[PDB]
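One chain comes next, on its own, written out as structure tokens in the form deposited without this ligand.
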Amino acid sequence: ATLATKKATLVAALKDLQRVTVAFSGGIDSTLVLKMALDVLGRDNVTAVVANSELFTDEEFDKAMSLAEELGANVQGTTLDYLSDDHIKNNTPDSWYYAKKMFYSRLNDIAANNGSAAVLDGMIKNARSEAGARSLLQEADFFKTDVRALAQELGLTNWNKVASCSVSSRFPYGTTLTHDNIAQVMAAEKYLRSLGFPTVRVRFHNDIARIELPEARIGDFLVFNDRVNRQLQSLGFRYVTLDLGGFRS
């Protein structure tokens, strides 16, 4: 009921596992799991693994890696190659499930090799089980309130403040993903973010880019129409369009 009880539940679970591998994204939840794993088991009994793949930017990978080092963890990157999977390459609605399966399977191979007793992720009370990953925060009945509370108790102040999605969301279901069109959309969103628009999606429709921006920024945005049009055309789109519905129509 109290936070002190739930933290104690989490300290006891970590002591029992003795040695863990942590699925680390840089968000506040995995930051709390990793910091508690370090404080309870020590640096040499924790391995933080950050996933690098073609579906996420190298920028999020470098930031997640540097966050783990700043907490004082041994951090190890692993590269997954999600497009080896037919369900991800053709982006079926079931893609998410197979993506998680490939993710958790690699962490069990890593955890097996380093002698950990379990793989931990950051999920809270509101294919992980198929691979046997442990969600200690959810087992100790943490809610988002309890994460912020115990993060403040531990002096954690730095974490990825916006948790991303995979670039597959920029493609309609059934569209085949390639290393090129993925690079195309990610270059396009990175360029838009460089003009000062941190929240943006460049949705992919073959020869059409359909830009989603938050509606409150559209007025500030017209000064960039022509540069955005020309820049995304050089990236391979034949038309660059602004979606009148805005961000997530």
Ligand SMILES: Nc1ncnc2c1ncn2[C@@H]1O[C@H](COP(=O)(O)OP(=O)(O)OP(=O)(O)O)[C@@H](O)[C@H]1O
Second form
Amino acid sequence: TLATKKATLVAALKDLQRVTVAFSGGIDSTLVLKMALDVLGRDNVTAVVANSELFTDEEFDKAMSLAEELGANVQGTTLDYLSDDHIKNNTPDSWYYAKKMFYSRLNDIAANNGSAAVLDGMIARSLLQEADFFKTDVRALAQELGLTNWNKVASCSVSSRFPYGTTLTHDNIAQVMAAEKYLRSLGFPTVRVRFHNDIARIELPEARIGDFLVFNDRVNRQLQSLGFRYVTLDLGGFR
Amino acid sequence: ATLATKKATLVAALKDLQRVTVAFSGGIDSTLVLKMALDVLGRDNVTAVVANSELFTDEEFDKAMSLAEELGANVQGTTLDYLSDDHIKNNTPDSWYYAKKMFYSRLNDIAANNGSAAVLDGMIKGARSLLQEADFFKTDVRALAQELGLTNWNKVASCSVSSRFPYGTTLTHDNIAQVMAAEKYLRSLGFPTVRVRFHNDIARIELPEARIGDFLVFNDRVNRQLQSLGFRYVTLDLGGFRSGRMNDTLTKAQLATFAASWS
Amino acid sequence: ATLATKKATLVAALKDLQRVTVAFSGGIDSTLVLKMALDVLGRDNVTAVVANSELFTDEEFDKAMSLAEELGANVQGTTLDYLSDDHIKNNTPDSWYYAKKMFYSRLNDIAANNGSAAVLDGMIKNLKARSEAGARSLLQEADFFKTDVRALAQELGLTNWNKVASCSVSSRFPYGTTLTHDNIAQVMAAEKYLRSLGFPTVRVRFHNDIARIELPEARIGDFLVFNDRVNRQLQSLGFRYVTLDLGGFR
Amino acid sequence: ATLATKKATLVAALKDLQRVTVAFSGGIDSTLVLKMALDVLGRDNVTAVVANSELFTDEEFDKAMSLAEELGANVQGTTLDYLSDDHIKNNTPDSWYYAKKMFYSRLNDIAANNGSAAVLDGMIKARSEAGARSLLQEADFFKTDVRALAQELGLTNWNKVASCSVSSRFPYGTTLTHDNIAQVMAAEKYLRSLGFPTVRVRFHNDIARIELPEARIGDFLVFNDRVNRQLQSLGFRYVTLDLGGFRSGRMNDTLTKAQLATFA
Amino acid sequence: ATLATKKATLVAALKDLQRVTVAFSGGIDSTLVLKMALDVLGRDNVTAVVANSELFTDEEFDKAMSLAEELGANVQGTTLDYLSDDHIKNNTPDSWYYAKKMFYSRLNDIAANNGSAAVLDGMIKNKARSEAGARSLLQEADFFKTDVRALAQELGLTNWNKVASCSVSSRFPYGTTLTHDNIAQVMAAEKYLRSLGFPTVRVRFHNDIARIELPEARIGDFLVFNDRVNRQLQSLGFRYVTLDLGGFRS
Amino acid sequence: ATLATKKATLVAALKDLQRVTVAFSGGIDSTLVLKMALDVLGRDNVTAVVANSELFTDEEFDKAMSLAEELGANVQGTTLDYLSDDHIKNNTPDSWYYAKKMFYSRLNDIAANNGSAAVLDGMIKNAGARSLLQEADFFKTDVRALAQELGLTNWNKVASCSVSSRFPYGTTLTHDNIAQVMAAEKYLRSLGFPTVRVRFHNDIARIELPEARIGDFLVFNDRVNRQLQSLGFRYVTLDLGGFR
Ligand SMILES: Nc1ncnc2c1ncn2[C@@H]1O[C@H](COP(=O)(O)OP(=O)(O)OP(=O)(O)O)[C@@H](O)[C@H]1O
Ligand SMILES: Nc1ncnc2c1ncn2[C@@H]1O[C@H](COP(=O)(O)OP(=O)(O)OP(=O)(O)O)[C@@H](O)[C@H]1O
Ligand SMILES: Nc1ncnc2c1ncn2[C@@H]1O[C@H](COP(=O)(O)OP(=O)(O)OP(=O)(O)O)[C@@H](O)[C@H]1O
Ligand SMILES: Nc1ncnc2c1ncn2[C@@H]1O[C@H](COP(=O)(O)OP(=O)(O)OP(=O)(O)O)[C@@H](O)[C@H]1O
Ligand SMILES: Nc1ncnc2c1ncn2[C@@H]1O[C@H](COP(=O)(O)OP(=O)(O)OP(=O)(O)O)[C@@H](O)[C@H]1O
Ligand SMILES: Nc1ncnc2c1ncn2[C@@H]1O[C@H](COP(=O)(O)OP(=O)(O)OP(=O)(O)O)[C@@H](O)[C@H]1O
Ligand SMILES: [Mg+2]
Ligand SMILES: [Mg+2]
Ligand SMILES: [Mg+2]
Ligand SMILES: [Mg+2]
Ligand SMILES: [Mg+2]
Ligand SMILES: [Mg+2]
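Instead of the form deposited without this ligand shown above, give the structure for the form deposited with this ligand bound, please.
First the chain shown before, then all remaining chains and molecules of the complex.
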């Protein structure tokens, strides 16, 4: 039952005392943070929102507001992922070196503010995952707590827009980020502007490509003014 | 009158029954009944029963079983053999009634053995439909479900696969699986509301009209996929899913007459 | 041989016949036969005949009638009752021979009654019913292939002819399905309505209570604005379900 | 009767007249009259007149002048100011008639000054007021007889594109101006330039209401934004697409085509 | 500083007022106010008022009345005749203000007649209200949008009208006279279009023209309804039914 | 000037030349020229030459050979190797110049060897070759009018362009990369899109379509994607700007 799973989560937090919660602003880390606040109190919880080049300022700013809005003391940290050459040169194992810096930075903060653990929200401790929370358990328990506000856009590292072996730069990331942001603003929340030097190759879910046709000309000019020479749509669609 | 009066009628009927067996489909209506029964009578006085059958997907049974447990109910699966009844097997126009009889015979048998005073279902405006007795309309169901914190249920209206077949066509495991696989494939492309109507060698696909503009990119893949499942011709119904429900005043009048001409 | 030798062969055969009846479909081949008959024998000595029937559209008929007039021929329409022949009515693979037999029988009656020496059709080189009725395919006898037809038509200044290939409506019904006046009309009215929307190439395949519409796949995107009207229009023609074949044309 | 008799009637009427002024639009009908007039009376006895005006495109006028020259006729262009008549300028339901009145008046003036015996048009009361002669109609030509004789005469060049007075883009009672006429003409030309040869930009003050064949509306969506901006820069505040399309109800099922005709 | 400090300011202002009349729209803000008013003053000391009018739909009124009941408040509906004010009727750029003037006038009449010490609305930190002395307690306690959601969550509030309504006058050009008939026809058109799956829509009124505003991303799927939408809005009184090429809020 | 006047100028020039070799593409312009030459000089005094090459399609070549015979000309096929020239093969902005040199050079050899007085092509208004339509001031509208008057109706209506334009400047043309682009465009034309470019970007194909056609193309996305991948592209894409 959900009530049995919440007790597992309630009990696990009680044993840990002071915690540092890795907070993404999504529904999962939102549930963890609110449950931590409810059982341990605001003086014993630290919300950490990681800012970095591989994810959007909109997600960072949204998460920072939501943690404060949920009543947690919130702290920002900036990771410089591109200082790592594996990330900078986008190898197939970049993902690994990024996570190392992420968890290292939160492990440093937790040891430095007296936390007993770093917590995350995977379906470090994933107490939701240890308590056998499914996606549906997350929804019911959050509604029960009166939670309705969280970032519903699933973010993924911008390195996925670049081929392996391509050097990431500050300029490349900003160009892809602005292009994807413009496209979401047209009504397409799921999109990728895959970077191929002078070509942008846009990925949309195949079910959305018919609706996109009204925007062809505007997207072409906009992504050209961001620096692409050719703006194209992948016939295979998203993934 | 207000929702609170409708809720109070519901609480009162539940307490009077003491022990209930709740037929739980996973839709929003039976969820509210199940939630209310647990809350007023307690978990030891409620048995959630989910009927699994050949006419419905294992996906709906599994989803329903998990939701009943997640709400804190003891839930037991039971399997009905609808195709053992000749009216159902040959899909007569009253097949629905013998299916419902076989359904309710099974839940009354379960109720007698677990000491329940009644079988509850989620019918709204031998079994008891407390939502209907308390004058719940569809909007009342949604308001109390929101008030109660209920957010998980199957939001796609489930329907017996017999409706995909003409009256008089014999249902088989082969033709049922053929219809379900076609519907599962179409859902897997992003069309959660769809019907693959069976007409022997013709597949007639029904979509919400608002989605048919999106579908064209899949024409060739759906054609070839449904052919390998056994159809010779794969077609899209021009009237779409629930023809006439979206139409202007004159053409809903016209399509309703067309729909009555084949009564 | 040269186009000129083939043209000369055709001219001499026409001269020998003096008076002719041309089976005129409006297509390029009988257009060439008809124009040549006119040029060699004169308008007074040529009767152009367009057959109207239940298995083909009135639009194809009226178009041929106007085209023959435009070439300067006296044209007469005749009606065939193909469904009175049970071999046609029962839609077997050999129905088309009995259709052509009835067709050539009517043209021989017309030719006999106006004193023509032959019935002419536009068969070209690369048919039993034609020879058994004694009709002449002078383009085929003169070794005209399709490019010879185009070459002589260009030389004659012919530029207007019916470019739409006609097909008997019986292809809308599966083999063994009985043709009736009502089910033929139902398919014809349906296809005529769909063409009127801007789809000149279309098929309404008959499957009793199901209409299965075939469109060129490149046109299906345009069709969506018409879904509801086509659905209701074809139900009012008697179908229970109106469907679009996901496979497209043929 | 027979085609040969209809041609003879036409030839004789031409001979009885001896000198004519032929109203030449460039269409097939006035092309046939002009060719027959030349053949019977000779170029010195035929004057081709092409009327230019604000209610039609410059392309069609220039096209007609060249076509008459191609037939070997002495041709005169004349310009009409239809907007000087208040019925035309204020677009009343009878505006068309006063347009023809001004048209036939100007051609009669030309014919009287060059010594023609009649004005000829290619029609198959403004003519009975002016004295205009429709010799094809007096000889009972139908449309196919016009086609037969044009082919028989070896005519192959004429304007096959249907022209329509731009006054039809304006509601009755709306004042035509040089500006709003040019505004409508510029809009339709832009839409034709995108690949839409059958189109109307109906004028509704600050609104443009575009009529397209419905089979084209799906492809048109790729141009929405460019059309919106282009027609706004021509002076419309709102650029809209008629949901009923070009010639509403002509492509509707029987029930809803009679309900669309009832509403109108 | 903190939500708690802001909540405290609001609670004290509520206590100081003892008895209040709450202007309840059904939205999140006035939902927060009404819940705070009920929790602090008790159900006998708060009157929830939902304004019904021609410039808004019966559906939003029915939702707000029902929502106020769900919160456990005594709620009373009142009807405003916005069209009685000629500034509103002739839709000048100042129509909005004369509407709010009439609104706050009616709420003061109710509050004075039930013995309330103030009318409360749900204005937050982010006009004709101050020209009536109505109190925006969330605004005085410096509630921003995040504070409203933060406190609503803490109070267990999850149910409110999430669809922001908009006065139907925005469908009419400045200088256009609003009538009972043209308001109702614009409202029925938008309702019919919402019923097709377009919750964000505008039917702009231009006498005999309806100019429909849709999000551009929806227009590809909308084509399947063109003819039905065309005939439906003509049956409502439009002579022409059109789609704005610029989309929603062009 | 009237069409009859320009045609008369054309007739006189042809008579003046007596014997000509006509560079025949199958398009409307060279079709008009070829027909006028045949009509004025007779089949014995006209040689139609159709150039086959690696930069233009075998289909357009076969169509012209058929069209020349149908027009009543003795027609000769000749094969050019544009790629044997390094300027062409290395695809610079000067490639066109060497291509035209090689083209007119081969036609001059043919014309000199059969005794023609000139090579004729179909240039219209707006080298060692005569463009009689341009000298007689034919515009596109005059070409069509005279073509109709002559009863000409059959010609290749899709405007041809050297395949080298599918590759960026500085990209070396190969037999393989050309064939890959030629197969991709042929597949696309076979679906009903006679105007298309498959622009080559190594592992990316960038398809250009007339924008008016892009709405209908969507029913083909997956098949074009799969087909152009088996031809060797990794990503198959559509240019949002459309054709040209
Ligand atoms: N900027 C970030 N800052 C802090 N924590 C993060 C951040 N991004 C990801 N995480 C942490 O890592 C966990 C898993 O990350 P991820 O976003 O990939 O999965 P998720 O399903 O979206 O979880 P969530 O719903 O919490 O966002 C989050 O629950 C969260 O604890
Ligand atoms: N497989 C099933 N297993 C158990 N109970 C079922 C099942 N299907 C239907 N029911 C029960 O019988 C009632 C009838 O459900 P039905 O599908 O006919 O309408 P419904 O609106 O979908 O109901 P609901 O919202 O409760 O799912 C359900 O409310 C539920 O109580
Ligand atoms: N409705 C018809 N009316 C008169 N003759 C017809 C008709 N249909 C076919 N024919 C005659 O029979 C001949 C064969 O017609 P068929 O359609 O099988 O071949 P075709 O290639 O289309 O020839 P064509 O170019 O003349 O149309 C025609 O050339 C014509 O002479
Ligand atoms: N600009 C114009 N200039 C001179 N005459 C004109 C002009 N427009 C129309 N006409 C003349 O008035 C007659 C009627 O023209 P109308 O457009 O009404 O019919 P039509 O069927 O198109 O005739 P046509 O084939 O000659 O174009 C024409 O036949 C022609 O004689
Ligand atoms: N029909 C109405 N009846 C009663 N009060 C209303 C009504 N409409 C608006 N209001 C009141 O006026 C205040 C502001 O109105 P408005 O809708 O413009 O802003 P809002 O930000 O949407 O507020 P809310 O979230 O409460 O709906 C509302 O918070 C509410 O107190
Ligand atoms: N494969 C080719 N073979 C023979 N001649 C050619 C060929 N391609 C071009 N030409 C000749 O050179 C001239 C210029 O051709 P080009 O394609 O560049 O322009 P064009 O407008 O298409 O002319 P056309 O209508 O005749 O094809 C042609 O008219 C023709 O005379
Ligand atoms: Mg997340
Ligand atoms: Mg259900
Ligand atoms: Mg034929
Ligand atoms: Mg005309
Ligand atoms: Mg609101
Ligand atoms: Mg060419």
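By rigid core we mean the largest C-alpha set that fits within 1.5 Å across both forms. Numbering follows the first chain given and starts at 1.
Here the rigid core is superposed between the two forms, and of 51, 38, 200, 65 the C-alpha of 200 is the only one to shift by 2 Å or more.
In this overlay on the rigid core, residue 211 has a C-alpha that sits 2 Å or more away from its partner position between the two forms.
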